[PDB]
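J.: The primary structure of each chain is shown beneath.
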Amino acid sequence: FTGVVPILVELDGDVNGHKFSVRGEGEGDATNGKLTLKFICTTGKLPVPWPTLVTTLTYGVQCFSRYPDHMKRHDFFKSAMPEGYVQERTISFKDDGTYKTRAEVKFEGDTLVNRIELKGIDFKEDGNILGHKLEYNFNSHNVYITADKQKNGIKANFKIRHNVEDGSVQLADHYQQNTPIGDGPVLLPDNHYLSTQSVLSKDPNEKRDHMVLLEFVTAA
Amino acid sequence: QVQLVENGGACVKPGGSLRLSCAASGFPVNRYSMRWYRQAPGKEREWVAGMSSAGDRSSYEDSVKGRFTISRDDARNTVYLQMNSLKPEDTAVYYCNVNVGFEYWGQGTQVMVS
Amino acid sequence: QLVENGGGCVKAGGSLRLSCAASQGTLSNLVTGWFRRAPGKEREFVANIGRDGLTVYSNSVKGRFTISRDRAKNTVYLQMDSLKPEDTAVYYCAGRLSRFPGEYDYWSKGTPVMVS
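Sequence order for the protein chains is B, D and C.
Residue 190 in the authors' numbering is what sits at position 183 of the first sequence, and the numbering runs on without skipping anything.
Count the second sequence with the authors' numbering and you get residues 1 to 52, 52A, 53 to 82, 82A to 82C, 83 to 110, in order.
Residue 102 in the authors' numbering is what sits at position 100 of the third sequence, and the numbering runs on without skipping anything.
Source of the hints: derived by calculation from the structure; they are not laboratory data.
There's no promise every hint is true.
Said to hold, decoys possible - Once the Cα atoms are required to be at most 20 Å apart in a straight line, the calculated EDC-like pairs of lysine to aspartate or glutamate come out as:
#1 B/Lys-85 - B/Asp-117
#2 B/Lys-85 - B/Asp-197
#3 B/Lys-85 - B/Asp-155
#4 B/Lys-209 - D/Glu-99
#5 B/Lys-140 - D/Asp-55
#6 B/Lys-166 - D/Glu-99
#7 B/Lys-162 - B/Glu-90
#8 B/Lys-101 - B/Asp-180
#9 C/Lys-111 - D/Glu-44
#10 C/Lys-43 - C/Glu-88
#11 D/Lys-64 - B/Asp-173
#12 D/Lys-64 - B/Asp-102
#13 B/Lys-101 - B/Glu-132
#14 B/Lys-166 - D/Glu-46
#15 B/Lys-41 - D/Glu-99
#16 B/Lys-140 - D/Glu-60
#17 B/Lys-166 - D/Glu-60
#18 B/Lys-156 - B/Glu-95
#19 D/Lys-64 - B/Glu-172
#20 B/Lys-26 - B/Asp-129
#21 D/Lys-43 - B/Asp-180
#22 B/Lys-101 - D/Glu-44
#23 D/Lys-43 - D/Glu-60
#24 B/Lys-166 - D/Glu-44
#25 B/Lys-101 - D/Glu-46
#26 C/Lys-111 - D/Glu-85
#27 C/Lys-111 - D/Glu-46
#28 B/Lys-101 - D/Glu-60
#29 B/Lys-45 - B/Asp-173
#30 B/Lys-101 - B/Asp-173
#31 B/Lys-101 - D/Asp-61
#32 B/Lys-45 - B/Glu-124
When you get a sec, could you build the whole thing from the sequences and use the hints?
T.: Right under this line is the structure:
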């Protein structure tokens, strides 16, 4: 992961009987703490707003995220990179329903790969996600990370605020559990918080929805 | 490049009226939505009020709906929030938010009913 | 746990007392300090009281505030006099187990304080 590393993330998911898959490519610089990505849905239309899944596609991998020198040994995700890890994420939206996702992240060959399966439940018409009222903007966030020896895994928690055209703000609870596929040393950190700052842009060159995405994630 | 400066914070006895004002610099206000969050000492931040980019409608939380009665003027490049009725729950402090490109938080001001 | 209370908005020239108490048994063993955070400026050192009893106050505030640790009540109170608009900063209470100078371990939620 040291230095510039390319990444290709492909995933598929089902929401209320609607199946859609998204594939994307980009690169991350852990030394500079920067991450650049470009996604696209092979399906004609994606039923829900993109941001509710941009968050999942972004926070599915933490290897690229930079950490301070004191926390370099503390990181668990980098330690498990050689043999990968599996994340189970539960997201409870504020009355918009629930996401249940399972992802696998691993360094295949000499390139990093992430795959995700998503299920959406408890969705009703006239909702924010159903109505596509969410704008294209995003917000920075903080994610808290804590160890768990009983499950031999790292658990993350936080709240994500998504925006609505009328201004309505949806506070959704995000919980993550990680299990290292490998049998190596975990080096699980006791407690630490990562601040994420993400900005989204579009390329007028193509008619296809671009979702050109930039992250700067720093631990503390 | 861009900055947000909010003022007008002052202590108010219950039943009084207070006006907060958030001004912007380095970007237009008419082309983007505006928002006002609130957080109490030692409490998680929460979105109390806000106003859509188009300005046709404004959205509040369950408790404060109808209290804030927010307003905006494009030429002034400043947004105004009116306390209207006051309750002790407003002891928490306020923050002014508008995210063009990368997200921006304003320093805001602290207001407590006492 | 450190609990600080007794703060509220007031006019200029008023005297208010902020009471800080640690629920963790004794407080005399703990050096107790107070700091202020301005609405948009860096945090500053308000005052401190130590094991030997020496009380240290910043030059800007010298001669106006006083810290008293009450043996009878086992609590540390910061009394303010001639409060001015420059003191709008929120006040926090902290403690350190080491007599010598350093960073304070414990901390308190804090209360808002204001003037005219």
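J.: Would you mind marking each hint as holding or not holding in the structure?
T.: Against the structure, the hints:
1. B/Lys-85 - B/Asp-117: At roughly 15 Å apart (the allowed maximum being 20 Å), B/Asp-117 and B/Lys-85 satisfy the hint.
2. B/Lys-85 - B/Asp-197: Judged against 20 Å, a Cα distance of about 15 Å means the pair holds.
3. B/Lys-85 - B/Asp-155: It holds: about 17 Å lies between the C-alpha atoms, which stays within 20 Å.
4. B/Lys-209 - D/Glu-99: 17 Å, holds
5. B/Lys-140 - D/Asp-55: Measuring from Cα to Cα gives roughly 14 Å; hence the hint holds.
6. B/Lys-166 - D/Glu-99: 16 Å, holds
7. B/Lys-162 - B/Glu-90: Within the cut-off at roughly 19 Å; holds.
8. B/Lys-101 - B/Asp-180: Status holds; Cα separation ~8 Å.
9. C/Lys-111 - D/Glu-44: Since the Cα atoms of C/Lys-111 and D/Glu-44 sit roughly 13 Å apart, the hinted pair holds (cutoff 20 Å).
10. C/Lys-43 - C/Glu-88: With Cα atoms ~12 Å apart, C/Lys-43 and C/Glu-88 stay inside 20 Å; holds.
11. D/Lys-64 - B/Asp-173: Judged against 20 Å, a Cα distance of about 14 Å means the pair holds.
12. D/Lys-64 - B/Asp-102: Holds, because 18 Å separates the two Cα atoms, which is no more than 20 Å.
13. B/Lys-101 - B/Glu-132: Holds, at about 15 Å.
14. B/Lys-166 - D/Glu-46: 11 Å, holds
15. B/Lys-41 - D/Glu-99: 16 Å, holds
16. B/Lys-140 - D/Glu-60: 17 Å, holds
17. B/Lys-166 - D/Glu-60: 17 Å, holds
18. B/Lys-156 - B/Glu-95: Holds - the C-alpha atoms of B/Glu-95 and B/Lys-156 are around 17 Å apart, at most 20 Å.
19. D/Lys-64 - B/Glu-172: 17 Å, holds
20. B/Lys-26 - B/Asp-129: It holds: about 16 Å lies between the C-alpha atoms, which stays within 20 Å.
21. D/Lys-43 - B/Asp-180: Since the Cα atoms of D/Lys-43 and B/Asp-180 sit roughly 16 Å apart, the hinted pair holds (cutoff 20 Å).
22. B/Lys-101 - D/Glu-44: Holds: B/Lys-101 and D/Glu-44 sit about 16 Å apart, inside 20 Å.
23. D/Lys-43 - D/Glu-60: 17 Å, holds
24. B/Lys-166 - D/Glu-44: OK: B/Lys-166 and D/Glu-44 at ~10 Å, within 20 Å.
25. B/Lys-101 - D/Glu-46: Judged against 20 Å, a Cα distance of about 13 Å means the pair holds.
26. C/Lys-111 - D/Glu-85: 17 Å, holds
27. C/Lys-111 - D/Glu-46: This hinted pair holds, its Cα atoms lying about 18 Å apart.
28. B/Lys-101 - D/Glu-60: Roughly 13 Å between the alpha carbons, so the hint for B/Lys-101 and D/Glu-60 holds.
29. B/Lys-45 - B/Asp-173: This hinted pair is violated, its Cα atoms lying about 28 Å apart.
30. B/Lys-101 - B/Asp-173: Judged against 20 Å, a Cα distance of about 16 Å means the pair holds.
31. B/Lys-101 - D/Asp-61: Roughly 13 Å between the alpha carbons, so the hint for B/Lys-101 and D/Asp-61 holds.
32. B/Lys-45 - B/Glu-124: 19 Å, holds
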